[PDB]
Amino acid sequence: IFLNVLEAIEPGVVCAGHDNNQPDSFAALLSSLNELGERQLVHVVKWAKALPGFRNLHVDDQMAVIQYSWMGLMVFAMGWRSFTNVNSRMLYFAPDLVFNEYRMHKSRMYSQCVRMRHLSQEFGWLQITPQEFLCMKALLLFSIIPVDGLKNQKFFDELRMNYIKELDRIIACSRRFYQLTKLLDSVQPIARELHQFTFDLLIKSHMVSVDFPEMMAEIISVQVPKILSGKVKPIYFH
């Protein structure tokens, strides 16, 4: 039942709308990454709200958890698409936004990109199954919380425990749980580097001709700094 649901709500293909017939430029690549990010967020929200037990969470906690986990969720799913679509040869942000090393360099996010390429390869090396991937991704949504707590922390703790239990069931074991939780933890540092980069970019966006969508700018200026300043932190297994 649980896996049937995860499979049923998994988002379909999302395109960036990037002009690939134009020579690569920092400004156009980032504007497409921003637009793609916002298009994906629409889907992440619909996906999250359809998750088993997600409605149990307080209304305000639902929005917060989605906004904080947004980057991580995208990173994890992008790594999977890279592995399944191009065997980690490139980063498959979208069918019309595929990064080769040249674009990784031109985007000024080279180190983060190489770490995501390594993540992509890990899916292959660890032989992650589509079902482990689905459960792990859902678990990522419940892996970052505020130090001062959510409106209903207890409901959040129960839900996270339940998702961990589902992972146990998919696995069923110890060595595998170790491998998967280590892989999950590796997502956070990458999301952090992307958050930092994105934060710095928005602050100087007017200096590099980068276009930030309304909702994204609000989230980067209101939520992301809570993560960067240590007020909101990820939950690591290790």
Second form
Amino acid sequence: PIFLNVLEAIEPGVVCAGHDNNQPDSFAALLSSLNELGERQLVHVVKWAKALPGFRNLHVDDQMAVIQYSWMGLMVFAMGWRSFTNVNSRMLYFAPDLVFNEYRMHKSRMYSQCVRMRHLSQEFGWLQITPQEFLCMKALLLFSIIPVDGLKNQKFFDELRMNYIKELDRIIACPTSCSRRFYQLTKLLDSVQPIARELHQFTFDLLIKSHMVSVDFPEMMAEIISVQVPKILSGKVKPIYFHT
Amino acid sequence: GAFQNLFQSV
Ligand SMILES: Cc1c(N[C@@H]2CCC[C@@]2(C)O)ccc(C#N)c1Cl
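Given the form deposited without the partner chain above, I would also like to look at the protein as it appears in the form deposited with the partner chain bound.
Now the full complex is given, and it begins with the chain already shown.
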């Protein structure tokens, strides 16, 4: 099973936030550490995406675009899985050195969003998602958000996304049983998008007022949040839902 | 072009 070999091989290992757990849980320290982690994760997402089967067939500008658009959803999805595997979704396992308890969820002013992310994490338990299903779903998530008036080479994108959907189908099939499962997984994938949108809105708002609340944004983060995220929030770039 | 720099650097 070549495809699954590759997905396991390229999956990133442990990423630390660099969080000084000895300092008090303030808004500014928590979010500054979350932003540092976000950037470290983005670096890993780039290396992961570029090594995916077929990804290099995409026009290079489209390669950069889909990574930037999907980044937030990819991070949320993977964090949900870490949270499930490490702490049975009882807390948010952003990193080994940055695990959110209820106090941090409140102090970060992200409580409601954290609740939604914890619910996503719990889905991995409720649906008994396998590691293979998780990997294929995560790869599909990369191909689940595009500009409304299209990519530079939309046709190559459409073909690739089709092939990633087929691979998910094969993983399930490994007839009514398959059908039910595919429905459950596409529904789970759709459910990432509203959560990602809420995080996008929160992150954008935070960037705007960041100088006022003493929250640090790394330069590359600040670039993507100010250049790409508003394309999503203004509706120029939208998720591809399975279910209408 | 911070992101482009990273994309091409890796
Ligand atoms: C949702 C999320 C983050 N969100 C923070 C919240 C504000 C801006 C931000 C993107 O830095 C950061 C790092 C990870 C990780 N890993 C995850 Cl899952």
